[PDB]
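Chain residues, written in single-letter form:
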Amino acid sequence: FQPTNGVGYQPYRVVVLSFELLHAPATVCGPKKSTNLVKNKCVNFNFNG
Amino acid sequence: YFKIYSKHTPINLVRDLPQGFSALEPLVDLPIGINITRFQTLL
Numbered sequence: 497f498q499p500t501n502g503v504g505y506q507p508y509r510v511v512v513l514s515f516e517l518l519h520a521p522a523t524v525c526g527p528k529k530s531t532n533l534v535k536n537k538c539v540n541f542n543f544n545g
Numbered sequence: 200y201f202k203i204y205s206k207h208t209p210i211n212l213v214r215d216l217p218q219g220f221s222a223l224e225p226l227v228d229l230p231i232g233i234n235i236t237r238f239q240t241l242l
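Sequence order for the protein chains is B and C. Note that the deposited numbering numbers the first sequence so that position 17 is 513, with each residue one more than the last. Note that the deposited numbering numbers the second sequence so that position 19 is 218, with each residue one more than the last.
The shape of chain C in the complex, shown without the other chains:
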């Protein structure tokens, strides 16, 4: 099962991650079976 959890929040900061707590809800549960090894982003 390929779990993808997500969460959105506002922020006012550039140079580092914000300090604080917030939970990520589940969004996608892919019923696939591809043994993953690597990945890459697309911007």
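Pulled out of the complex, with its shape left as it was, chain B reads as follows:
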């Protein structure tokens, strides 16, 4: 690899993420962001589980 090489021949760092599910509890989870909560009003809610 040289700095003067063509961009087609320049070095590129590659990372391949694979997600493996087995016969075991799922332990890697996403962020799962939340929203604001409102009181004294009929709401359909989704708490932790």
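I should point out that these hints are in silico values taken from the structure, not numbers from a laboratory. Careful, some of the hints might be misleading.
[Claimed, not checked] Cβ pair distances, simulated, as ranges: (1) B:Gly504 <-> C:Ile233: 45 to 53 Å; (2) B:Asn544 <-> C:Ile235: 48 to 56 Å; (3) C:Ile210 <-> B:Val512: 55 to 63 Å; (4) B:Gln498 <-> C:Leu226: 43 to 51 Å; (5) B:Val524 <-> C:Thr240: 46 to 54 Å; (6) B:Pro499 <-> C:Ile235: 14 to 22 Å.
Backbone N, C-alpha and C fix where the C-beta goes; we use that ideal spot for every residue, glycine too.
For chain B, the structure is supplied; the task is to place chain C on it using the hints.
Using the frame of chain B, we list chain C on its own:
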């Protein structure tokens, strides 16, 4: 799931377990998957 519950209390007795009631709260819930068979203590 590997549940580990615990509880602490004072005691004044040596030769046997104390008679009485007390509940044990949950402390650890390990998300592992190692089918256990045996164990051992370390003192």
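Right, here's what the structure says about each hint:
Remark: the range hint 45 to 53 Å for B:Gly504 to C:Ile233 is upheld by a beta-carbon distance near 48 Å. Range check, B:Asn544 to C:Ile235: about 28 Å between beta-carbon atoms, so the 48 to 56 Å window is missed. Between C:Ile210 and B:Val512 the C-beta distance comes to about 57 Å, which sits within the given range of 55 to 63 Å. In this structure, B:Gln498 and C:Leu226 break the distance hint of 43 to 51 Å, their C-beta atoms being roughly 58 Å apart.
For the pair B:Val524 and C:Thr240, the supplied restraint of 46 to 54 Å is violated, since their beta-carbon distance comes to about 33 Å. Evaluation of the 14 to 22 Å hint for B:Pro499 and C:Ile235 yields a failure: the beta carbon distance comes to about 56 Å.
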